[PDB]
Amino acid sequence: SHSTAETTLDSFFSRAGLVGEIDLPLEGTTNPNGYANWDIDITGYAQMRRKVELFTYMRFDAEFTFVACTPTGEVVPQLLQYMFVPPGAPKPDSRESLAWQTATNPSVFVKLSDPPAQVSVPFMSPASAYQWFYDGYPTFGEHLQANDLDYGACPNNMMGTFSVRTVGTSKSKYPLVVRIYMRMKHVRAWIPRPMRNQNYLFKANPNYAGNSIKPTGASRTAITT
Amino acid sequence: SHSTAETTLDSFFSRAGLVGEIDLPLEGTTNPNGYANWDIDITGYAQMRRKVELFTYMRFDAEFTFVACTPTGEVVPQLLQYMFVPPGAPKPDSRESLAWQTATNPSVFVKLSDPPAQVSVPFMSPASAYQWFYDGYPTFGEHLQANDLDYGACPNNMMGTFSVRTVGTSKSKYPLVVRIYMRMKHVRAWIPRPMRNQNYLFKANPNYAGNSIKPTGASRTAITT
Amino acid sequence: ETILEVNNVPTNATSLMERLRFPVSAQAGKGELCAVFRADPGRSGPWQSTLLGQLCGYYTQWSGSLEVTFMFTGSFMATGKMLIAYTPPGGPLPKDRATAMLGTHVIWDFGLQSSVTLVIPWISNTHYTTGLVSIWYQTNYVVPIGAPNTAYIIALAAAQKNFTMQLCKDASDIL
Amino acid sequence: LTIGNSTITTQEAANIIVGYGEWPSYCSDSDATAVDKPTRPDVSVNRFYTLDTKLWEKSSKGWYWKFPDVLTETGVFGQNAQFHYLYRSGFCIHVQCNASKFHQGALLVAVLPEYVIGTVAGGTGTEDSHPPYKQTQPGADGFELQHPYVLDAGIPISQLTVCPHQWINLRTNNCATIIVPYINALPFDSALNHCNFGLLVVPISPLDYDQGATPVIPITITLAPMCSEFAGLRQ
Amino acid sequence: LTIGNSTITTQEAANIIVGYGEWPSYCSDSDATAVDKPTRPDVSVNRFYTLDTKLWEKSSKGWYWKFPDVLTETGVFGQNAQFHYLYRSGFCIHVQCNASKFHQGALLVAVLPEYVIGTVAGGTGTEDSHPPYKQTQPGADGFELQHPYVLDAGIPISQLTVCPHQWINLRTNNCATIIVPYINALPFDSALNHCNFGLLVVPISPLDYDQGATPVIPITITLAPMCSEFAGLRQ
Amino acid sequence: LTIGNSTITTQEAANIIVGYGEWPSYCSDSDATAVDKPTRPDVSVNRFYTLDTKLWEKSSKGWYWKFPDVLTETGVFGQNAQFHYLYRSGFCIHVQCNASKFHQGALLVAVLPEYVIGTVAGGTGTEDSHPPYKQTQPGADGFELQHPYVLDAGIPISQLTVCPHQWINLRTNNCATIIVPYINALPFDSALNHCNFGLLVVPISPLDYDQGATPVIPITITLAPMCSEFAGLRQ
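Protein chains in written order, with the authors' numbering: chain E, 72 to 296; chain J, 72 to 296; chain F, 50 to 176, 189 to 236; chain G, 16 to 250; chain L, 16 to 250; chain G', 16 to 250. A prime marks a further copy of an entry chain.
Worth flagging that the hints you see were computed from the coordinates, not collected in a lab. Each hint should be verified, as a subset may be incorrect.
[Unchecked claim] One side only, chain E facing chain J, incomplete, derived with CB under 8 Å:
id, residue
1, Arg120
2, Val123
3, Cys140
4, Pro187
5, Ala188
6, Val190
[Unchecked claim] Result set (DSS-like, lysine-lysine): computed pairs, CA atoms no more than 27 Å apart in a straight line:
id, chain 1, residue 1, chain 2, residue 2
7, J, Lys242, E, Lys182
8, G, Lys149, E, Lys274
9, J, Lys244, E, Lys242
10, G', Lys81, F, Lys144
11, F, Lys79, G', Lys52
12, E, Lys162, E, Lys182
13, G', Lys81, F, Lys222
For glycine and all other residues, C-beta sits at the position ideal for the given N, C-alpha and C.
Modelling step: build the complete structure from the supplied sequences, incorporating the hints.
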């Protein structure tokens, strides 16, 4: 098995992973509008978070794929819109908002008849590299005491967000399901950390339980195999 | 007729063969689930087994193509999922299983309108070569009498297994039939063996009947043609 | 090199730290102390504490050699002998101390205080039985007055240059 | 190293160990990274800031420090880092514990870049969060951990050695010294608002004496910040 | 051949025929196959192990052996492969039969790598399985065949000559010699768990005498294992 | 000495001492001393056979071993010396005791060729003789003496130093190593039937601690047989 290729960072990460599951039914109680914004968390793919907190700093481009279908699985002659808005840019608020026409918010128009769309998002950070946790207050200047829990989250680590619509002046006709898959490309990482062992509570801080579990047990005694 | 190309192992094996016919009825008594795992045996294609038991050890990559249709043959706007899971990976248990989102379990998304998907699985074994039958117990160490039919069977001779779904949280609309085809490519074989002459009983041991037949008879006597 | 929780026994958070650590005392003599268990990282167990053992969980089957150094935490004036013996796969646990001497084994004295390196030649995953490393009382833990009659050892391990890994495999913890 | 005031002479075995394999360097500034150029000699503020010495009992569960923090009313560095706009520096720290040839225990002095230490409480009985203010700004005196196995951070010490580390076994070495360079996404950050760096002192063998001997063991910490970055501002 | 104990004298006719055209080799080790480095002389363990000689009547229907096994508690070879974790060796086997110049028959000594020999019984009246445990670990004594036409494997001797073979025709040779190398997917497997290899002695002309002459025919088997691979372990 | 498996590194003072002034040699066989010529490399069976470690109490009165004996079910040597016709070998033995700088005592590791150890009982009350069977075949564990002043042999230790000896004073040396050549009337004798050789461990200062310290002191014995003589036989 003489190859260190599958121990490369690329191979350790090179696989399009599902990070988003957005539902737009004809009507219900999830989101009746025909409109959805998806803040772009990588933690959406469950296991990925432990898998990347192996390091402190890393850097990469991101290849996103959009496979959309009905809950039936019926491919349906619907023309829909994917919109990527930069971290700085404001997010659309209504289905009839103007943000859908904001050009500097790149948009993708495909049909479900059209094979799944494929786009690439590059390294967005204002830092020289991405960062998983900031041991400081994200405010420049002295802090205001409104905060009590705002610790560790890095705001300039945000790589945007995706928004989806059923194109048209009127409401959609068909019940739709859009699925988002992420693949990481030109990956470089740096400072190695020990890997997570406890379950996560939030996705803004490596918090843990008030009762620790054990990464390996059921061993009786040190003498008995 | 001086040409030896059709006598190469490659030409002898390079052919997309039907090895899988997967049934997903709308409802019935086959699989009320809407979901099916196919352990990837070559013996499914009947004649192939005698055709390959000519050798002891051999080696190959595999080109898979997935043509799916209705039992009628109507091509149908259903979007489905093919999932290949490696030897190590666990096989999915439910339609709503967690295994479907497992990244190290490569997945393929196509439509039936879209021409049949085509993927290639290389040589997976930890050994230098595949092996059609191992004259020993595949258990390492002293014997345990829990099992005694796993004889000849090589567990690391398994090249994974395939799983099929009609994508979506909700049930499929259409009765579908997936057919699985196998093509063998870069083949190298080794120790030559005599070809089978009796009918097979099982697909894990060269078992035969308690009454032997003869590969050719009806000859009256040796003198008369 | 990362810590091997040989004493993977207690589940109490105040005693959860006792896992890295494993004891020696002036009590038992020349008998049996501890097998460091299996010499297999990816198998569910003590190795799951190591960085190695965890990344092995992120793959399927591997091949290579490992080195496991033991570290003594006892007093300076404390002294004694221990023999560490590796038992290759297939062979059952050695009946006694003397049986461990007849194979590949290293008598560890606390004169060479710093540490002692045990290199296990080859382990592989062909998915059982694997190699076993056993640590024996060559002799009891002798101490003068003023030294604790019980002492502790840390075992930490890693992989050599021949360590290689297979295909990517995922199985985690989180939900 | 004859840079600073008073040192401590040792028969110093090769306890020298550099962060990730590269020595503390300065800033490369012949572009437009800063139009003002901070100037700073090596022995002005690289005084040996030794925190107060701490005790090591049997029921001890390890302690940690943060480095941009540790200087507040601490040294002329803090009189310099608090008023200054942005901060950057490397460090040379020497952890020394003075014990008998009769005491035994096991320490792991380890260094960890981004140290986000939690934390959690009970449940949803009275309040749901509020991790402490004093999590940051830990004084020289502080602070004790809570769950050393997870560093109160949900991460096992079992693998901390992947970071620049060094062992203190009272069998052998009473001294350990670890040098760390600067480690951050920006070549120049602010100081007291972000603790760029964390220092760990975790026991594995929880110390043992046989009584009649001082049950308290001193871990004297001595710090030496190299490659700082300043010039001066207002007040 | 000056490697071993006692031979059987021949005018050294060319009954020698090698497996697939290549001699049994050693291990190529200027890589990373084993950190332990094997050391071995040419005459250490190569004694001429001659198994028990078995009888051959008119109603004989052939016998077979498996080789990695046959030495277990047999000779100093088996006491070594049984104690060692892993194994590798080539073999040189000389099948010699003693008969009169008045006897007639035809033997086919042939060698077959992976021999998974079945088999089937009556049916499923009382039991559905029961393959023998004693199928493997065959002692020097065993084994008798059951259905020679299919080698109990659903495979015809009709094409057995495709494997390494040698003929014993009492018209000419009463002696036959065949050499086999190591043959496996892995370069090192274990012994007693897996019989890598099988030896066949199948008659085609089923012997015939005219009585008043000894009706039992001796087929003395003699083995000589080349290029073994061991070092030593425990006990 | 890098011949065998694992050694024990020492700052080894000149504790090296050879039997009577000549190193262990091989056999000179270019005459007719043996028409068969035994062949044997130096590291095959020269494994470090370390017996079980024994305790040294205040009421201890010394212990002895016999060397052709000590290997029975002991090592691959015993699997070799018991089946073999005749035996011959030299030895390198290292007696090491691990003790505190607080324990004191005095040992005499000494070597004695022909060790006929007695013995006697009461008188003529029940039986007149019967010295024990287990006088010979003493296991690794055994055995204690009975009258150390006379070695149970009617010979005073007072003059044992005339034999190759070495002192272990816990004031100074914790290790003593003595090498013995072969010593017999015949250049080749049999093994288990005649114990060619005896090893002695006699205390003179019967050890003393001041309590609170382990009253048991370990004497770990480590053996290394040089210049053996074998070839192989039956079973």
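Taking the hints in turn, this is what the structure says about them:
| no. | hint | in the structure |
| --- | --- | --- |
| 1 | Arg120 | violated, 13 Å |
| 2 | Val123 | violated, 13 Å |
| 3 | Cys140 | holds, 4 Å |
| 4 | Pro187 | holds, 7 Å |
| 5 | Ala188 | violated, 12 Å |
| 6 | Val190 | violated, 16 Å |
| 7 | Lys242/J - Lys182/E | holds, 23 Å |
| 8 | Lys149/G - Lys274/E | holds, 23 Å |
| 9 | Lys244/J - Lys242/E | holds, 24 Å |
| 10 | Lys81/G' - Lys144/F | holds, 25 Å |
| 11 | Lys79/F - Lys52/G' | violated, 42 Å |
| 12 | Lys162/E - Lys182/E | holds, 23 Å |
| 13 | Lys81/G' - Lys222/F | violated, 46 Å |
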